[PDB]
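Following the hints, position chains B, C, D, E, F and G against chain A.
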Amino acid sequence: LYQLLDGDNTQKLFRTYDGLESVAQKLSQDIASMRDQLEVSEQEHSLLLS
Amino acid sequence: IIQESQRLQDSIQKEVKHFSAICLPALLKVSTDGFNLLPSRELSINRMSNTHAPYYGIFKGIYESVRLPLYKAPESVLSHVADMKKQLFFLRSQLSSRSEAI
Amino acid sequence: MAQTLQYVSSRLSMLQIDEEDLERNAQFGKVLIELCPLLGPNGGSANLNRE
Amino acid sequence: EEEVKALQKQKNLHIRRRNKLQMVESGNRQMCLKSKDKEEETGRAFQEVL
Amino acid sequence: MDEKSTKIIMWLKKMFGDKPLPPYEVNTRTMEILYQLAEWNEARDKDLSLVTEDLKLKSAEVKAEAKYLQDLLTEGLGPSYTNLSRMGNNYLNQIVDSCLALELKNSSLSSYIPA
Amino acid sequence: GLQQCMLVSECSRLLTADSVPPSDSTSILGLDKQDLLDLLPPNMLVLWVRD
Amino acid sequence: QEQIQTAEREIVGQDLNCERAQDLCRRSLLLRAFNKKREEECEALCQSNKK
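Residue numbers (the entry's author numbering), protein chains in the order written: chain A, 449 to 498; chain B, 463 to 564; chain C, 1 to 51; chain D, 101 to 150; chain E, 1 to 115; chain F, 102 to 152; chain G, 104 to 154.
Excised from the complex, chain A in its bound form:
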């Protein structure tokens, strides 16, 4: 689950459970932030069209 979330990129000698929850929260925030950026891009495109 940690490998699925953070990839192989972090050579963290120790994986923690707080670290697992943090990377899970980050995936959820990255999806939310990309939806918000897409919605801003839709508004900009709608304003250009108008």
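No lab work stands behind these hints: they were computed from the structure. Check each hint, because a few of them may be wrong.
The calculated DSS-like cross-link candidates involving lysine-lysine, where the alpha carbons are at most 25 angstroms apart (straight line), are [stated by the list, open to error]:
#1 A:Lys474 with B:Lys522
#2 E:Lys67 with E:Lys56
#3 E:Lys4 with B:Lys548
#4 E:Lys58 with B:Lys522
#5 B:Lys476 with G:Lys139
#6 B:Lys548 with E:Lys46
#7 E:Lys67 with F:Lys134
#8 A:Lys460 with B:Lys522
#9 D:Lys120 with B:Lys534
#10 F:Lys134 with B:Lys476
#11 B:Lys534 with A:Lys474
#12 E:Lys46 with B:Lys547
#13 B:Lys491 with E:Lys63
#14 C:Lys30 with E:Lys13
#15 E:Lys56 with B:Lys547
#16 A:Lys460 with E:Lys46
#17 D:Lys138 with B:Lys479
#18 E:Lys7 with B:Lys547
#19 A:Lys474 with E:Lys67
Then chains B, C, D, E, F and G, alone, in the frame of chain A:
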């Protein structure tokens, strides 16, 4: 006789006090490969779903973070996170397309 | 060409492919059609999807 | 008008399911109050064994 | 440019195996599309491999727990719990198949109702 | 009768390291599966509960 | 839908109280078996003291 009698003094009350501190589910052993008896509490299905596991509070925070409902199968967790990563990659492509079109 | 684009976009929905990209690169369009059965509908390898 | 009909049907379904959940919850809460009396009875039987 | 080109040629060799690589028009745009496809496939194949190996582990754990529950019910209730009527066994199968369709943790109303 | 049969079978499984040879396994409270079988209802009551 | 999710949380909270009552029943059965075994050992020591 005095020495061995002193060892056995309050024996029942010593054992009962130690027994009171034990987690009964930790005694329940299961065999996955026929040879290795593991405590049922060490099975990943139970660590992730059992309300009496010490890790239950941590896996609850992970499920809320990934928006996985608590009624779902614990084996569905990695497949759900893999589909969330697929969704993130799709939204990245979509934003790149739309920014190039603008 | 439109049918080729529609087939590739249905199986590889993550690929931004324009109709101009296939018109200028007709042999590249054949490579994408040959890749479409080797890639599952999810972008993962067809063998890994069977397993 | 189809959407209003669909939402009316969904509203009626949620009203019925909520009433059922409240019946289950009320039955369960009455079972749980009695299961607390049971936890006190078994807690007394456990003190008797001690 | 040379690193992306080597990664694409390596990936295409891995995907086509012993099939001869079809000739194609090698330009900036076709190499960019193939590079994105190769990165996406490598990432997806890693994620799929991790899921497949966890499903193998979970299959062994669920089998171990199934045996525990079967033997517990056999010791407590005797072989009587397996001797259900044709309708009792149809009702049992419908609860099981409904809970499998919904991917439930267990057969409780607390899991079925939210799902 | 049903509650007692289930409790004895559950507790019997908490004591049984079924695969460890009997000479070397310290049991909890020094209890064996036999010590719990004595707390089971009369065999007539067990058969009647099962039926 | 908020009313439904609130009542669903209350149902899941009740399942947790039933497992505690069962843990007390298992402990009380094991401690009864233990008391019986310690009465038998006490009866053996009483016979040795009479001698």
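Outcome of the hint check:
1. Distance restraint check for A:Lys474 and B:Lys522: the Cα-Cα separation of roughly 16 angstroms lies within the 25 angstroms cut-off, and the hinted pair is therefore satisfied.
2. Of the pairs offered as hints, the one joining E:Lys67 and E:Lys56 holds, with about 17 angstroms between alpha carbons and a cut-off of 25 angstroms not exceeded.
3. Annotation: proposed proximity of E:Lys4 to B:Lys548 holds, straight-line Cα distance about 22 angstroms (limit 25 angstroms).
4. Between E:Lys58 and B:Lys522 the alpha-carbon distance is near 19 angstroms, which keeps this suggested pair within the 25 angstroms criterion.
5. Between B:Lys476 and G:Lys139, the direct Cα distance comes to roughly 17 angstroms. Compliance with the 25 angstroms bound is thereby established for this hinted pair.
6. With a C-alpha separation of about 12 angstroms, the suggested pair B:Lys548 and E:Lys46 falls inside the 25 angstroms cut-off, and the hint holds.
7. Distance restraint check for E:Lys67 and F:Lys134: the Cα-Cα separation of roughly 19 angstroms lies within the 25 angstroms cut-off, and the hinted pair is therefore satisfied.
8. Distance hint between A:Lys460 and B:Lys522 is fulfilled; the C-alpha atoms sit about 24 angstroms from each other, no more than 25 angstroms.
9. For the hint pairing D:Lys120 with B:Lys534, the CA-to-CA distance comes to about 22 angstroms; that is within 25 angstroms, so the pair holds.
10. A distance of roughly 23 angstroms separates the Cα atoms of F:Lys134 and B:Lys476; the hinted pair therefore holds under the 25 angstroms criterion.
11. With a CA separation close to 22 angstroms, the supplied pair B:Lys534 and A:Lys474 stays within the 25 angstroms bound.
12. At roughly 12 angstroms between alpha-carbon atoms, E:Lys46 and B:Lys547 fall within 25 angstroms of each other, so this suggested pair holds.
13. A threshold of 25 angstroms between alpha carbons decides the hint, and for B:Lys491 with E:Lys63 the separation of about 14 angstroms falls inside it, so the pair holds.
14. Between the alpha carbons of C:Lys30 and E:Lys13 the distance comes to roughly 16 angstroms, so the proposed pair stays at or under 25 angstroms and holds.
15. The suggested pairing of E:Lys56 with B:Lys547 holds, with an alpha-carbon distance near 21 angstroms, which does not exceed 25 angstroms.
16. Taking the CA atoms of A:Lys460 and E:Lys46, the gap is near 19 angstroms; set against the 25 angstroms cutoff, the hint holds.
17. A hinted pair counts as satisfied when its Cα atoms are at most 25 angstroms apart, and D:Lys138 with B:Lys479 qualifies at roughly 24 angstroms.
18. At most 25 angstroms may separate the alpha-carbon atoms for a hinted pair to count; E:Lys7 and B:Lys547 meet this at roughly 22 angstroms.
19. A distance of roughly 39 angstroms separates the Cα atoms of A:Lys474 and E:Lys67; the hinted pair therefore is violated under the 25 angstroms criterion.
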